[PDB]
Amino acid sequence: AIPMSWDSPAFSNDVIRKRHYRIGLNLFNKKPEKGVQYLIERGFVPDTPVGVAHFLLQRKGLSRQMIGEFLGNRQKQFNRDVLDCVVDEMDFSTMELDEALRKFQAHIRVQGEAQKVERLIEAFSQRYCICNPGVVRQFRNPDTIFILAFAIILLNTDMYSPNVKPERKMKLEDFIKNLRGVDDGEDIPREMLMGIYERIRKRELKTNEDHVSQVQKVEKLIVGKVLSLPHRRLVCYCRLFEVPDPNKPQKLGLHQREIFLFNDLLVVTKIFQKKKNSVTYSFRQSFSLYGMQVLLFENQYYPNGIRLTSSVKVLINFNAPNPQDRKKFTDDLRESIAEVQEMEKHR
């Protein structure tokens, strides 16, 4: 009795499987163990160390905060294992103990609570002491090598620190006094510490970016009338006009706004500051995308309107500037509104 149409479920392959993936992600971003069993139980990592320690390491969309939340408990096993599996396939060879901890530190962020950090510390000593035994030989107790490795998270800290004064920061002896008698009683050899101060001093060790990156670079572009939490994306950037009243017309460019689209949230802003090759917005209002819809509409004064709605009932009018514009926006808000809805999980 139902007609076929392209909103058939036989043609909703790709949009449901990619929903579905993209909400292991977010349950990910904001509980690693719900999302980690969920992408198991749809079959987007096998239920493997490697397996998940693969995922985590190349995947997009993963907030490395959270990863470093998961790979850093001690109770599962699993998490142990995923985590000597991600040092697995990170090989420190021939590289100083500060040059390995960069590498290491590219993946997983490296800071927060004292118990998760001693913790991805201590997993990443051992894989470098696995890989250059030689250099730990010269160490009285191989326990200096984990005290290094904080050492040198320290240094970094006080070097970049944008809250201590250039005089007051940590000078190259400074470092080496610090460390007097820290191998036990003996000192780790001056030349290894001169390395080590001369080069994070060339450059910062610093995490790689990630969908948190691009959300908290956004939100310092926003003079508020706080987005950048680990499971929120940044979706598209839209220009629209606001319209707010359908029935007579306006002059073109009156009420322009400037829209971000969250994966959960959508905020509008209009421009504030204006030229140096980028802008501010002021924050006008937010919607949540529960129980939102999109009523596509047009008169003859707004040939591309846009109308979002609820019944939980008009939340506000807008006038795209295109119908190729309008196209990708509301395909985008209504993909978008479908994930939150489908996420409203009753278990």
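For clarity, a rigid core is taken as the largest C-alpha set superposing within 1.5 Å between two forms. Residue numbers count along the first chain shown, from 1. Compared with the form deposited in another entry:
- The only C-alpha among 113, 187, 209, 91 that moves by 2 Å or more between these two forms, given a superposition on the rigid core, is that of 187.
- With the core held fixed between these two forms, residue 239 has its Cα displaced by under 2 Å.
- Residue 260 shows a C-alpha shift below 2 Å between these two forms [criterion: core-superposed Cα displacement of 2 Å].
- Taking the rigid core as fixed, one finds a CA shift for residue 175 of 2 Å or more between these two forms.
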Second form
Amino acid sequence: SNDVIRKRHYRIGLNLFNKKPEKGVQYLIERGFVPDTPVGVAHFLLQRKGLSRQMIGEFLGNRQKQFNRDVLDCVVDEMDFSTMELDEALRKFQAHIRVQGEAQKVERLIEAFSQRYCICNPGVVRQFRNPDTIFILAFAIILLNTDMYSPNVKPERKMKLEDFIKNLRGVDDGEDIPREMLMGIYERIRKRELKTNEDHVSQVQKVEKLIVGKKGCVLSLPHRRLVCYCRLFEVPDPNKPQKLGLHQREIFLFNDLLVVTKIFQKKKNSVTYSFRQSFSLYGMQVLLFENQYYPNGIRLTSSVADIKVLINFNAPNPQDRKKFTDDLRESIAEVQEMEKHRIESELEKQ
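Return the structure block for the form deposited in another entry; the form deposited in one PDB entry was the one displayed.
The following holds one chain only.
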């Protein structure tokens, strides 16, 4: 059923996945959110939103566990690389799984991808003196894609056509790979970057670009999800009155953090925000207040140590207050069960 507690535990699974993939899959399975078969997890990982592409790659990229190996085989076996050049296939593979990072992870992803490519194109492998060259060429394409489209590497230090060629010299069991073969790859990658589909993290990146000042704090971690944006007015003193537009603050509520900001510069569909403060949802309580001067007040509190008053707002209207305080209150619950589950360290200390 579309139960609040039920839904809330789905999302708790996803958050565990986006921090500790092995733990998150266990969690989703132990509750019947995804089947305990490699095929079932495969389709989950590549079909369900709420899953970070970086950790789908960290999960599949694990070579030790046999289950993880088995799911990667189901993933590649559901991709069709026939009649494709090796880069055109990588474009399709890198579309679902981020291939980048710890070399042991990129090895196991590329290994699984190349094997699938060989099966879909036996005529291409016959053109090679050694079939393993397909792995080396694949890895090369990843690396070229990273460098050609890296902002830290300025054009002048970027890998040019003959740099690429020169690096793949004499690797096909002593012989070069055909120059016209490598040149097609380079032009195709040059014509459009191998991009991975956007996930919740790429929404958090957009936001974090628009907010100057931060205390860190990165903000775009894998587990963190944008939940809600809201315009409320900070109330320094809820016992004194204040002018209806004073202290206007734009509030970004993420699934485990509330960020308070003020508009820095407004313009035609282009706004920046100055970061003011952020609060952790662990131990937060959300109170409503109505008095002589504020009819839609919100007071936020930190019960964890005596009770602390974090911040007071007043929303524009009572509908906004009810949407905001409900979203924040469910996030606070979501975070409470995350730590209530995280005090599992009793089974980790023997």
